[PDB]
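Assemble the whole structure, with the sequences as input and the hints as a guide.
2 protein chains.
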Amino acid sequence: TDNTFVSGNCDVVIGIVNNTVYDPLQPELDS
Amino acid sequence: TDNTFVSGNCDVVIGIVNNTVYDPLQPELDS
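Sequence lines, in order, name chains C and D. Here the authors' numbering runs 1116 ahead of the position in the first sequence, where the first position is 1. Here the authors' numbering runs 1116 ahead of the position in the second sequence, where the first position is 1.
In short, the hints are calculated from the structure, not lab data. Treat the hints with caution; some may be incorrect.
[Said to hold, decoys possible] Derived Cβ-Cβ restraints for the label pairs, each shown as a range:
no.	chain 1	residue 1	chain 2	residue 2	range
1	C	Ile1132	D	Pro1143	21 to 31 Å
2	C	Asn1125	D	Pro1140	33 to 43 Å
3	C	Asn1125	D	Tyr1138	11 to 21 Å
Backbone N, C-alpha and C fix where the C-beta goes; we use that ideal spot for every residue, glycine too.
Here it is as structure tokens:
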């Protein structure tokens, strides 16, 4: 999440693809 | 916070205004 920013939506962006984005907060808070 | 940075205080900056700054960790911490 620190290497990218959220904007728009996946239904308008051209050439968008599907994958996973690592969130460092989840492993740290759940541990 | 990700879109801004902390420096100085509110008594030095001229023309500063008061508003709430969103914290991305707030929803995660409460979860």
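Consistency of the hints with the structure:
1. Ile1132/C with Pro1143/D: 21 to 31 Å: holds, 25 Å
2. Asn1125/C with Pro1140/D: 33 to 43 Å: At roughly 19 Å between Cβ atoms, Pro1140/D and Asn1125/C fall outside 33 to 43 Å, so the hint is violated.
3. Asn1125/C with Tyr1138/D: 11 to 21 Å: Holds, at about 20 Å.
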